[PDB]
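Asker: If you want the building blocks of each chain, they are given just below.
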Amino acid sequence: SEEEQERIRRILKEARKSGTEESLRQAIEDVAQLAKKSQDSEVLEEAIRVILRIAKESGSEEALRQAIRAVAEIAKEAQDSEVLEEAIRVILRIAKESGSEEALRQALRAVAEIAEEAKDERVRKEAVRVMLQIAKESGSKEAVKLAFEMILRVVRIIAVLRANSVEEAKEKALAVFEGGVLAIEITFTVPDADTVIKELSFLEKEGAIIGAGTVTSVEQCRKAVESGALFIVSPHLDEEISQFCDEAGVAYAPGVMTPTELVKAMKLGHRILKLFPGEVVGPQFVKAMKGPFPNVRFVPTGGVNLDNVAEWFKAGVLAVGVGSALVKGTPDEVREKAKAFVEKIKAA
Amino acid sequence: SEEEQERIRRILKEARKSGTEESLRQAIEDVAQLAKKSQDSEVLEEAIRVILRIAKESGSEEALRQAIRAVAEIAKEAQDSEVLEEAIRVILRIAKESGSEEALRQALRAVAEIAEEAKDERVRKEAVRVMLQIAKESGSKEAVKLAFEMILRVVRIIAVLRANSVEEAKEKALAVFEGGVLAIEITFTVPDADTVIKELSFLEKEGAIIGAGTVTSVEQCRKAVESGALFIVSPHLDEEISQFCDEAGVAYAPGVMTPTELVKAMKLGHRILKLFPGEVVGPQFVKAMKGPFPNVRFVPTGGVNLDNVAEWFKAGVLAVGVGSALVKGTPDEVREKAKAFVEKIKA
Amino acid sequence: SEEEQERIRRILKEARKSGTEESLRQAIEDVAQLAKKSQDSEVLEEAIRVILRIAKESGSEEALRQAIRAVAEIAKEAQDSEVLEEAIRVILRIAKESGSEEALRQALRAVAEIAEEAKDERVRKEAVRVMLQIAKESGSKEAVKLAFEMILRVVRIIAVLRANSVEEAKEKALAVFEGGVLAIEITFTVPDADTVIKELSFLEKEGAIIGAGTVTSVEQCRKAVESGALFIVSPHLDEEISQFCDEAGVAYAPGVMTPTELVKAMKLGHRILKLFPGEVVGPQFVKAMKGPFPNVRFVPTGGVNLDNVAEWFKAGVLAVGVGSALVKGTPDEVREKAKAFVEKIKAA
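Sequence order for the protein chains is B, A and C.
Number 243 in the authors' numbering belongs to position 243 of the first sequence; there are no gaps in the numbering.
Number 319 in the authors' numbering belongs to position 319 of the second sequence; there are no gaps in the numbering.
Number 163 in the authors' numbering belongs to position 163 of the third sequence; there are no gaps in the numbering.
Possibly wrong hints are sitting among the right ones.
Straight line, CA to CA, 25 angstroms or less: simulated SDA-like cross-link-like pairs of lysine to any residue [unchecked claim]:
hint: 1; chain 1: C; residue 1: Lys267; chain 2: A; residue 2: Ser217
hint: 2; chain 1: B; residue 1: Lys264; chain 2: A; residue 2: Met266
hint: 3; chain 1: A; residue 1: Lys287; chain 2: B; residue 2: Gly303
hint: 4; chain 1: A; residue 1: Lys287; chain 2: B; residue 2: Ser165
hint: 5; chain 1: A; residue 1: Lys223; chain 2: C; residue 2: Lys290
hint: 6; chain 1: B; residue 1: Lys328; chain 2: A; residue 2: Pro294
hint: 7; chain 1: A; residue 1: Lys287; chain 2: B; residue 2: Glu279
hint: 8; chain 1: A; residue 1: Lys287; chain 2: C; residue 2: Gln284
hint: 9; chain 1: A; residue 1: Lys290; chain 2: B; residue 2: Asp194
hint: 10; chain 1: A; residue 1: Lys267; chain 2: A; residue 2: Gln284
hint: 11; chain 1: A; residue 1: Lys287; chain 2: B; residue 2: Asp307
Selected chain A positions facing chain C (in silico; Cβ < 10 angstroms) [stated by the list, open to error]:
hint: 12; residue: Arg69
hint: 13; residue: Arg162
hint: 14; residue: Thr189
hint: 15; residue: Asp192
hint: 16; residue: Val215
hint: 17; residue: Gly228
hint: 18; residue: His236
hint: 19; residue: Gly255
hint: 20; residue: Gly303
If you're looking for bench data, these hints aren't it; they were derived computationally from the structure.
C-beta: ideal position from N, C-alpha, C; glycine also.
From just these sequences and the hints, can you work out the full model?
Answerer: Okay, here's the thing in C-alpha cells:
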C-alpha cells in the first residue's frame, strides 16, 4: 500500500508544478479514480484530504463542487465509519470555502446521504452537528429548510416531551437521547419551557436538535428563539409567525390537515409541513398527497406509537413526532422505548 | 335543632340593631359558620333565607356577592335537594337585586355548580330555568355565552331532532324530554321548524332549552330567533351569522373540523364549538386539541352513538349532540333511548 | 304491428289538413297514446319520427317541449336500444329547433335519463356526445354546469391518469376508453399534459370527455382549456380558477374536505365538488352532508378501489374518481380492470 501512497503524493507534486488549472481538476479525478480501486481505510482518508488542497488552490467553484462529488463517492465506496466522519468534515471545508450556497445545498444533500448509509450513530451525530453549522455558516434566507428537511431525514424520529418539573423533563430528554433517536422537541405548555430548551442546548453540540412546539403567538416564538430553539413546530399555520421565522433564520413547519390548508401553506413557502393530528387523517393522507403535491413531505405528530410508526414510513413520511408513547414514564424505561422506536424505524 | 333557629334569629336581630355595614358582613359570616356545624335540612335552608335578609338590608355590592358565596357553600355541604333548590332561587334573587355583570356571571357559575353536585333531575331542570332568566337579565354578550356554556355542562346531551311533520316533531321532543334530555335542537330539515320551536316553548318553563340547528344563512337564523330559539347551531363557521347572533343576544355554536378552522372560530369569539362531523375526526381530535387549546370545549354532533358516547366524555367533551341514534322511531322508542343515553353518560 | 303504422299515417295526414295548432298538439298526444299501447321496435321508432315530424306548428317552447316529453316517454317504455338512440338524436333536433334555454336544459335531463337505462353502451356514448353539443348550443353558465352534472351522472366513473410520458398517457387513455370509462382526467404530473389532452380530443366526438386535473394556477388552467379540456379539476378551492372557468365556459370541480370548505365552494357557485381525499373522510362524510346540503353531489377521488366503490355509491355519490387502482399497469391490464369497475358499479 506504500506504493500507491507515494502515487497519491506524486500526483500532488506534479499537479502543483503544473500551472494549468485543467490539470488541477484532472488531478481530482485521478485521485478519485485510484481511490475507487482501493479497499483500505487509510488510503481513502489520505485521498480525500488531498482533494481539499487542490480545489482550494484552483480558486474556482467548478473545482470545489467537483471535489464535493468526489469525496461523497469515496465515502459511499468505503466501509469504515472513520472515513465517513472525515468525509463529512471535509465537505464542510469545501462548501465553506466557496460560500456561494450552490455548493452549500449540494453539501447538505451529500452530508445527509453519507449519514443515510451509516451503520452507527456516531456518523449521524457528526452529520447533524455539521449540517447545523453549514446552515449557521450560511446564515441566509434558505439552507435552513434544506437542513431541517435533511436532518429530519437522518434522525427520522422527533420526540414530543412534556413534564411539569424541569428536573424530570431533562431526565427524560437525556433519556430519549440515550436511546439514540436525537432531535428532541419540547412543548411550550410546560411553565418554565424557556429554561428547559436553554439548558438542553448542550445536546446541540453532540448531534441533537432542540425546538419548541405548540407555539401560537409571535411573542411566544420570540421567547423560543432567544432560548435556543432551532425549529418551531406550531399547531396551525400562522401568517405572522411564518414571517418572523424567515427574518430570524429559524425553520418553521406549520400544521395542516386538509389539502386546502396545504396549498395556503405552500403559498407562504412551506413544503415541510406538520400533519396534525396525524392519527385523524392516517397514513392514507400522506400517500394521497404525493400525486398532486410531489416534493412535499409531512411530519405527522399525533397518535403515533410502535404499531403506527411502522406504517407511517412506508407511506413516505419525512419524520414522525411521538409524545406520550415515548416520553411518558420513568427515564430509564423511556431510554428502552427510544431504542425500540429506532429499531422499529430501521426495519420498516 | 330548634336552638339554632333562635341563635340564627339572634344574630339577625343583634346585627340589625347595630346597622354598621362592618357588622352586617360579619353577620353573614356568623350565619354561614353555624350552618357548617349543622346537618339539619331546615336549619340550613333557614340560614339561606337569613343570609339573603342580611345582604339585601346592607345593599352594598360587596355584601351581596359575599352572600352568593355563602349560600353556594351551604348548598355544597347539604344533602337534601330541597336545600339546593332553595339555594338556586336565592342566588337568583341576590344577583337580581345587585345587578351588574360580575354578580350575574358569578350567579351563573354558582347555580350550575350546584346542579352538578345535586345528582337529581329536578334541580338540573331548575338550574336551566334560572340560568336562562339570569341571561335574560343583563343580556350582554358574555352572559349568553357563559349561560349557554354552563347549561351544556348540566344537560350534557342535546337532542338533534328531525321528523316529517310538525306534530311528529312535537311528540318526539316531548318524548325525549321525558327521558331526561333537557336540550333539544330542531333542525331546519323538519317542515315548519319555526313553528315547532314556537309551539315547544312550554318546555322551556319545565327546565328545557329549545334551539335551531342546520342554520346555513342569516335569513334562516333570523327566523330561528324571534320564533323562540335560544341557541343557533350551524355545520360550518359563518361570519354573518355570528354577527347577527351577537347583536341579537342568542348563543351560537358553529361547526369546525380542523385546528385551522378552530383558530378562526376563536378569532370570531367562539370557544364553545360544534365538532362536525364528529365521527370523522373521532375523540382523538378532542384529546389532541386540549394541548394548544385548553380553554376550548367541543360538542360533537356526528355519529354519536351509545357505543362511542362513553368514549367522548372520557376525552373531556362538554356535551354531545345525538340524532337518529336517539330521535328515530316511535315516541315510546325515543323515550327509552333517551333514558339509555342519560344512563350511559352518568358512567 | 303495421295496422297501427297505418293509423299513425292517418293521424298526421288528417291533423295536417286541419292546420289548427290545437289539433297538431292533440296529434302528438294521440300518437304517444297508441305508441304506449304497442310493443314493437319499429312501431315505436316510427311514432317518434312523426312526433318530430309534427313541427309544422313551431312550438316556440310550447309544442316542441311537449314533443320532448312524449319521445322521452316512448323511449322509457321501450327495450330496444335502437329506439333509445333514435330518441336521443330526435330530442337534440327538437331542442335545436327551439333554441330556447328551457328546451335545451330539458333536453339535457331527457338525454341523460335515456342513458340511465343502459344495457348497450353506445347509447351512453351517444348521450355524452349529444349532451356536449346541447351545451355548445346554449353556451350559458347554467348549461355547462348541468351538462357536466348529467355526463357524470351517466359515466359514473372518472379515470385519473398519471403517466411518465406522452405515449404511455395516450395508450392508457385509449385503454380505459375501450374498457367503458368515458370520463378521463389528465393530471398535470404528466410531462406535457396539454399535448396529451390535445391528441386525445378526438375521443370527445366518440362519447368521451377529456379534462385536466391537479390544476394549481390560472396559467395551467388556460393552457388546459386551450388544449381541449372540457372540465378542470383541482385538489382544493381556487378562487381565481373558478373565476376563469366561469368566463371561459368550462366546468370546474374544486376539492373540499371539511363542511366549511364545502360552503366556501357553494358561495362561488359550485355544487359539484371533488371530495379529496375521499378515503380519509369516508362515505360517512357524504351521508352526513346531505342533511344540511342536499343540493351538493360530491365525487370522491381518494383511495377508491373495487372494495371501496361499492359502498361509495350506496351513499349517493354522483361519480367516483379512480386512479392507480385503475390506471397503473400495462395497457392490457387496465382494459380488463376498467371493465370490472364498470361492472361493479352496475351492481352495487
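Asker: Does each hint fit the structure? Answer for all of them.
Answerer: Status of each hint after checking the structure:
no. : hint                  : verdict
1   : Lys267(C) / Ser217(A) : holds, 11 angstroms
2   : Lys264(B) / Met266(A) : holds, 20 angstroms
3   : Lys287(A) / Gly303(B) : holds, 10 angstroms
4   : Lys287(A) / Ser165(B) : holds, 22 angstroms
5   : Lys223(A) / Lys290(C) : holds, 22 angstroms
6   : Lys328(B) / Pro294(A) : holds, 20 angstroms
7   : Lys287(A) / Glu279(B) : holds, 11 angstroms
8   : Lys287(A) / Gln284(C) : holds, 22 angstroms
9   : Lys290(A) / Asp194(B) : holds, 21 angstroms
10  : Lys267(A) / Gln284(A) : holds, 24 angstroms
11  : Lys287(A) / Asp307(B) : holds, 19 angstroms
12  : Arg69                 : violated, 42 angstroms
13  : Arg162                : holds, 8 angstroms
14  : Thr189                : holds, 6 angstroms
15  : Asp192                : violated, 17 angstroms
16  : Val215                : holds, 9 angstroms
17  : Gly228                : violated, 21 angstroms
18  : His236                : holds, 4 angstroms
19  : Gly255                : holds, 6 angstroms
20  : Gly303                : holds, 6 angstroms
Comparing the model with each earlier hint shows violations of hints 12, 15, 17; every other hint is respected.
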